[PDB]
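Here's a solo chain for you in structure tokens, the form deposited in one PDB entry.
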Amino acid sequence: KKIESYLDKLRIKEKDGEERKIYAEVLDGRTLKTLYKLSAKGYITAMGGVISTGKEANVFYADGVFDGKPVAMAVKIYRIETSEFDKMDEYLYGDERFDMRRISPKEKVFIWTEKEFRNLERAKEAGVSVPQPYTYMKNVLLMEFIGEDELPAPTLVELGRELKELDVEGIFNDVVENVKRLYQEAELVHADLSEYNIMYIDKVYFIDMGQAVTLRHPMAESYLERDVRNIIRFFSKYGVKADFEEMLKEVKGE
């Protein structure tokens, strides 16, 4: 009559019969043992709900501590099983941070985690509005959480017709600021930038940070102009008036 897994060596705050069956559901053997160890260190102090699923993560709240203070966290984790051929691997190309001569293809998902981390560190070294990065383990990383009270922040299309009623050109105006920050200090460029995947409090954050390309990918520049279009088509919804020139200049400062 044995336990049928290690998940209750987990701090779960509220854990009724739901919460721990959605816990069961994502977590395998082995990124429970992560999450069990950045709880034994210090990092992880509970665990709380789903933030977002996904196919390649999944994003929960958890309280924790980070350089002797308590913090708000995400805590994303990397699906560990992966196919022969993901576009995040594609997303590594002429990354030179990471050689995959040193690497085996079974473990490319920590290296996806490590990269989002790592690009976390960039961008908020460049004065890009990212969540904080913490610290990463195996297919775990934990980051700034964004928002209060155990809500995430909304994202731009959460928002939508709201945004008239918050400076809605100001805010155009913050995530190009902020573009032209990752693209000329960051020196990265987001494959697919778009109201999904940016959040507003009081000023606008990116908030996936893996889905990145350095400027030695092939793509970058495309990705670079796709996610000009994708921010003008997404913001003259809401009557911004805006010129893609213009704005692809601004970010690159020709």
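Residue numbers count along the first chain shown, from 1. What we label the rigid core is the largest C-alpha set whose atoms superpose within 1.5 Å from one form to the other. First, how it differs from the form deposited in another entry.
- Superposed on the rigid core, the two forms differ between these two forms by 2 Å or more at the C-alpha of one listed residue only; from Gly147, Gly170, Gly94, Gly127 that residue is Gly94.
- Superposition on the rigid core between these two forms places the CA atom of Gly17 2 Å or more away from its counterpart.
- With a cut-off of 2 Å and the rigid core superposed, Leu7 has a Cα displacement that reaches or exceeds the cut-off between these two forms.
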Contents of the next structure:
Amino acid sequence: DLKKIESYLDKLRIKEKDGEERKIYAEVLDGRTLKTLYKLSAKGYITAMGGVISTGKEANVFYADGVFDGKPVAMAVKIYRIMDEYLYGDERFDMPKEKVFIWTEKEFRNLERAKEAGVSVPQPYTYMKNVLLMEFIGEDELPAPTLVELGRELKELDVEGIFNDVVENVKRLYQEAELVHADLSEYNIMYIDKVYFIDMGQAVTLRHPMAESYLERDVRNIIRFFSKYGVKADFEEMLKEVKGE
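Moving on from the form deposited in one PDB entry, kindly provide the form deposited in another entry as a structure.
There are no partners or other molecules in what follows, just the one chain.
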């Protein structure tokens, strides 16, 4: 399967000179993944695969130039490697390999749902098998920082403003998308000049048995994080603000 990978890496134009990229792509992705990326290029979604943005246990994220809705766009390409409590209980999905494809579709559908409700998430473009294409958040192929990445640079920003941005986005997600993120924290929120929520495969519908418990957890994470930056908030007030109580 190494021969297959190297071949697709050539066809995708992921070159030796493109830094450490070719070695990272060849280890983190597999032949069948790169086949799907090359079918996406052929179909006109991807013009050029770019740098490696993140490598994880569940997912890898890469930059690409691509085309969506007739125009050139910057893309985040998120790829799930080929979870349960967050799938089961979500009735939207009529229940190894196939499981990863559902999860991909799950995240895509959640992005679309959240976006339609007015939540600040990356514009979703398309998915295919284990690959999800979405709006690149950042500039000049540099990803926007997450809240953790921001660090004490937050002290120089309007932290309370950022907090209130976060809360408003959770409230829309809940009241208008009827979803709970379920892994909301400083690690999954990005900021350029407004916050964006990312990482939504696990998000569940308010029909899920655990939605309220996951929501309470999200709220506590956000109060915990912002307490370190001088923002005074109460759990009851934020929860009620979000749930419209």
